[PDB]
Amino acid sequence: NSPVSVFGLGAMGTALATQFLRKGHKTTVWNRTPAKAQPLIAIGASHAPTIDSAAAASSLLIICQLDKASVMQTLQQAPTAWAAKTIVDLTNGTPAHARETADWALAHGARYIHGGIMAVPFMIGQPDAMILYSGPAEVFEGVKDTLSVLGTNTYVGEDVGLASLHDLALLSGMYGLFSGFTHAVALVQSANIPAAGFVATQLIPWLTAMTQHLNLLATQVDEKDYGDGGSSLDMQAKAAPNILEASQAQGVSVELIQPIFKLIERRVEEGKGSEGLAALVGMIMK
């Protein structure tokens, strides 16, 4: 159980450090605001008094702060502390941010991989958690068994920005799901329908079926052949006004769902109403 250091003790960094502790690792912790270390000290963490101390304590240095600007602030406070260490940066950012941080790390003698945590904090250490990783394969292979205590490791390749592209794509997908949740639950709550009961009984099973449907849509995207699948855009463009008008009648804003209806309408206006929803991917691409 190799020593690990965690920089960033917010909700997620706390979950990561806690899981290292459960798995028997000497877990050194650092946070910009030191009071946040107290809960972790109480369950066995070693609270580093400085950035340099936290870096010195371990060879595997996990950074889970806020954004890339925050990561660079921490790295630059102790520029010589990182040499011959492996930085695993789990802080949300763009592909470009990962490449920028990697360039800095390599120039300061450190090894670097970037990862994207596909979990909320309570999922860490649980079977459904997964973390995407990218950067030099030999670097990842040196730390993958320690990192595996957090979740399933999904190494996507050598390009250090690639895990971030996968991450942000998955988050995009989730934000659409949550847009749908918000709209659906506002509509039922407008009629005093139990939200949890509706969501467990009706919404989740429907979304499960329509999630499986995404396989067919994705095949159509790859084929660039946008079959209706039995559900043409012409037909959907005549249902969309009903969803909008019913929402207006219930006092529910349509802001979260209007964009896809405008895209569907545009495809109908282009003369392609006989196609299905897989057509919409290319419509938002360059």
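Positions refer to the first chain, counted from 1. Whichever C-alpha set is largest while still superposing within 1.5 Å between the two forms counts as the rigid core. Compared with the form deposited in another entry:
The residue from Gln77, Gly180, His166, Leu147 that marks the hinge of the rigid-body rotation between the two forms is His166, the others lying more than 12 positions from any hinge.
The chain behaves as two rigid parts between the two forms, and the smaller of them turns through 13 degrees against the larger.
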Given for the second form:
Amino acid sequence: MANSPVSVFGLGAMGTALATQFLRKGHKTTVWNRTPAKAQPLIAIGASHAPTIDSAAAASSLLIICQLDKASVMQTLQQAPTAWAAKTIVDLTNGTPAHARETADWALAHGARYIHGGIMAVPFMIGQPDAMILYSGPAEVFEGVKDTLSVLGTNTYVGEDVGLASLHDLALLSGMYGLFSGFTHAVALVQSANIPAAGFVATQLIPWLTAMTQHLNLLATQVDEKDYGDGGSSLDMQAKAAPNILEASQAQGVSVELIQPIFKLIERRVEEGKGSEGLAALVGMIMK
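Having seen the form deposited in one PDB entry, can you show the form deposited in another entry?
Partners and other molecules omitted; one chain follows.
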């Protein structure tokens, strides 16, 4: 292995995928896992198995941590508190913005540099260009390791505050859960009349959602300008579709629990006298 050394801490599904990709691109790859047996498949394709946290940290300057949660990351760090000096830690362990900031503070106090990353991909997609990985933390630190990290996917630096990658990650997941709420309600409705989901989804729902997804750029601009529009696809107009959806759902025996919240928000805005505004107005309503 002729390329710059990397150590990977955590050899679950994701850490295994990261280590595999580093090895495939010729990096000297040292691996560590709390349960040491998980290293064996990687040893078989050229990984070096570190017997301790301390020796994994010593083997490389770039130390990737991909464990379960922030508590587990802290447990790893605290096991060898002098091992991190002059190292760059890239923490790809999911958590809150606060978790990233707290971990960074510890790392900085122990002589390490620290970047947080959020992997927007499943393990199988690591190493593909479609795998987006968000990163945040000091720009100069990121600059030093971004070429090595680019083996994993498309690097997307989102700023200096170390908690920002996690915020972007969780924002994207929130978007996905809305999409899945819509899928669930739509498919329940057609399934309630014995319509197969696959044909409906492939030929009607996906094309419709694709068209409506493009509308989001205009909404985003309105959010930024704090100018929610007048007439058109107003909230007054949306509030006219809602009773049909609710009544049809009730008649088909489909619960409205997943869609009722946005309908209640729309109705609140109408009742405040702002029915002429559009959907961009809803963002400020859920903010503090």
